[PDB]
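Certain chains of the assembly are absent from this excerpt, and the rest are unmoved.
Naming follows writing order (A, B and C), and every chain is counted from residue 1.
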Amino acid sequence: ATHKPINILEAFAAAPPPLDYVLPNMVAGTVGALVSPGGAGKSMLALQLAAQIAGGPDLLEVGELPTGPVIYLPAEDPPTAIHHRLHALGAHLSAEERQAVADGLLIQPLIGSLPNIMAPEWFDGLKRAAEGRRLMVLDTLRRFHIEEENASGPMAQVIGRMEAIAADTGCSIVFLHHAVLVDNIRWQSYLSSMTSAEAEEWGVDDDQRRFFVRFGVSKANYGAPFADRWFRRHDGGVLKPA
Amino acid sequence: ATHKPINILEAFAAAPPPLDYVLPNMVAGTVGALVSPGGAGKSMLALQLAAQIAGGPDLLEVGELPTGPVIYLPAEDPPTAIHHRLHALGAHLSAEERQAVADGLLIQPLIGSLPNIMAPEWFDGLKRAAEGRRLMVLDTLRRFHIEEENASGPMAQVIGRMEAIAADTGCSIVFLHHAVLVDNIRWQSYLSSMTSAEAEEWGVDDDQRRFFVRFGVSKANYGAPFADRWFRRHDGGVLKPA
Amino acid sequence: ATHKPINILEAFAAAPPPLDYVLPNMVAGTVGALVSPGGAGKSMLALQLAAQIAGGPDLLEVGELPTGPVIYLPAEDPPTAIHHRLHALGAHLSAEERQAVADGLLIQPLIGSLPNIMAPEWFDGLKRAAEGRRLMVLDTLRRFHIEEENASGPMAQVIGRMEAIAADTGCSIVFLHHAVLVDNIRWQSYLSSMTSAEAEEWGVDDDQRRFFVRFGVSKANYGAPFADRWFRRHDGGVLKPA
C-alpha cells in the first residue's frame, strides 16, 4: 500500500472525525488477532462478531459497531458444521436480522483448500476478496501460510501481507490463532474457558464451568478500556452475555 | 479441495440434516487422530474400528456407527502379523460378520513402502484410494511423511493435504500417532495402558495390568460427550469391553 | 560510507567544536533507539521530539535542541490515527509553532508499504529521504526489515545499513523498538508506564498510574548524564512534564 505525506496544517486545523473502529479498540483498515486455546469456541465468537458487523444484532452485547460487508474464511470446519452453527445462531435472529446478515455476510469455506498468502495467486485472490469489504476473518491463520509461527522474519512477511491488504483496501483483517504473532499485531483479543478458580469467584460450579468463557481485549493502542466480558455457551455454541 | 459459498439464508431457514459422524464425535469428511505410546495396542483398536465401520459387529461396544467402505493402511506391521490379528479377531465373529468385514474392508500393507503424502504420486495414490470410501486409516502418520513432526509449518502442509483428500472425496481420515498435531486437529482420541495406580482402583492387580487399556475421546467439537471406556486385551490382542 | 584518516596532530591542537547532539546524549549522524513495551506512548513521544527538532516548542522540557528538517516514518499507525495525534498536539502550540513544525516535519505514512532496508530500492529510497535532513524516525524498526530480530548477523546488517545512511548523509536515525540489538546501538532511550510501586513513591493512587510515564536515557557515550523524567499523558496522548 502507498500513502500521501501527511498534511500537517490540515490535521492541526480540522478536528478529525472520530477514529473508525471496526471492533472494540481496533481501528478499521488494520490487522488484528483473536487468540484462544483450540476449544473455547473462537469460531462461534468470530461468526457472531462477523454477523454483527454485517448488519446483525449485538447479541454478544459488546459495543454497537458500524456496519459493512464482511467475508468469513473458515479453513478448519467442514461446510456442514458451518450450517449447523448458522442455524443455531439464527434461532436468536428475527426475520429482519437474518436477512440483514445474509445481505452483508459472505462465508467462503476453505477446508482442504490450502490457501497460502505468501503465494501469488492466493495473495491476489485475498486482496480482491477484501475490496469493498469492512472485515475479513481468517479462521485460523495456521491454514493460510506454511511458515514457522515462531520465526519473526517469516511472520513479519505474512503479517506484512495482511497489513498491505487491509491498508490498501480499507478492509480490516482479523485472524484467529490457536494459543511471535502477538508481538507484531497491534490489536489482540482473547477467549478462554472458565477455570476452577474462576468458577469460584462470581458463582457457578464445576461440571458447569464449560458453559462459560471470558472475552476481552488483551492488547490495543486506542480507545477507552474494553471491559472483560463473560459469555454463556447456549445450544450449538451460540454466545450471549449471561 | 474447493467449496461453494454458504447459502446463509437457507442455513437460517431450513432444519439442517443431522451431522454425519464417522466415529464418536468425529464429523465425516474430516481428519482425526488416535494417539498413544504404541505398545498399548493402537493398531488392534484401529483394525476393530475399521472392521466395524466396514460392516462388522460393535465388539468394542462404542456406539453403533454408519457403515461404508474402509481402507486400512498399516505401514509398520509385517503382513504376517496383520494375518495373526485378523485370525484372532475372526474368532469373535459369525460367518455373516466376517463376510461383511471382507465386503467393506480393504487392508493394503505398506511396511517398507515409504509413502510420502508430500510427494505427488503418493498424494495422487492416496486420494484415489479415498474415493468412494467412508474411512481411511493411516497407521501411523510417521510413516506417511518425512517432515519434522515438531515443525508446525511442514506439519500444517502434511495435515492440510489430508484435509484436502478428506474434503474433496468425503472420506474421513484417521491417523495413529505415537506420543503440534494436538492444535491443528479437531478430533482426537487416545489409548493408554493401565498402570499400577489404576489397577488398584477398579480391581485387578499388577502382572495383570498389561491386559487393560482405556479408550476415550480427548478432543472433539460436536456431539454428546463420549465417556472413557476400559477394554481388556484377549488372545491375539483382540479388545472387548470387560 | 567512507572516511578519511584522522589527522591526529590537528585533533591534538585545536579544541574541537562542541559535539553536535541531535537528542540528549545522541551525537548527530549516528543511530539510536527508543525502546518500550507495545503500549506506553513511543509513537507520541517520538512525534513530539520530531516536532521539536523540526522547529517546534520544547513541550517535554527535555533540553532545548538544535533544529533541522525531520522525516517521520510511521509504519504501524493508520493515517487517521496520525491525524488525531497531530490535532491533539496542535492544541498546545501557537500558530507560529504550528507553522514551524509544518515547515520542518515531513510525515510519510508507510503502514502496509512493507519497507525492507535489506532490499536495494528501499535502501536507496531511505537514504535519499535522509539527505539534507537532521533526523529520520523509524516507527517501529520491526516494519523496516524481514529478518529474525534474534539473529545478530542479520541484525548487524540491518543496523549497519542505518549507520551507513546516517554517516553518509549526516542525518541521525532513531528507531522505535517494541521491547540482542541493544548491545550494539550506542544511544538508547526508554519509555515505561508507571508501576504500582512507583505510583506510590511520588503520589497519586493506582487507577492513575496509567496517566504517567518515565523517559530517561538508558545508554549513551557522550555528554552530561541526562536525568530521568516524568510525563503526564494529557488529552490525545500528548506528553508534558507535570
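Things worth noting here:
The definition used in the following text is that a residue touches a chain if its C-beta (ideal position, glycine included) is under 8 Å from a C-beta of that chain, and two chains touch if they have at least 3 such contacts.
This homomeric assembly is drawn with 3 chains in place; in total, the structure file defines 6 copies of the chain.
Keep this in mind: only the chains that are shown with their structure count from here on.
Contact topology of the protein chains: linear, an open path with no closing contact. Think of the whole protein's Cα atoms as having one middle point; the chain whose own Cα middle lies nearest to it is A. One inter-chain figure worth recording: subunit A and subunit C are separated by 33 Å, centre to centre, where each centre is the mean of the chain's CA atoms.
Centre-to-centre spacing of subunit B and subunit C amounts to 58 Å, using the average Cα coordinate of each chain. The set of subunit C residues touching two or more other chains is empty. Contact residues of subunit B toward subunit A in the complex are 1-6, 8-9, 11-17, 19-20, 27, 29-30, 151-154, 156-157, 160-161, 163-168, 183-184, 186, 219, 221-222.
Across the interface of their complex, subunit A is touched by residues 38-39, 76, 78-84, 86-87, 90, 93, 98-99, 101-102, 105-114, 142-143, 145-151, 154, 178 of subunit C.
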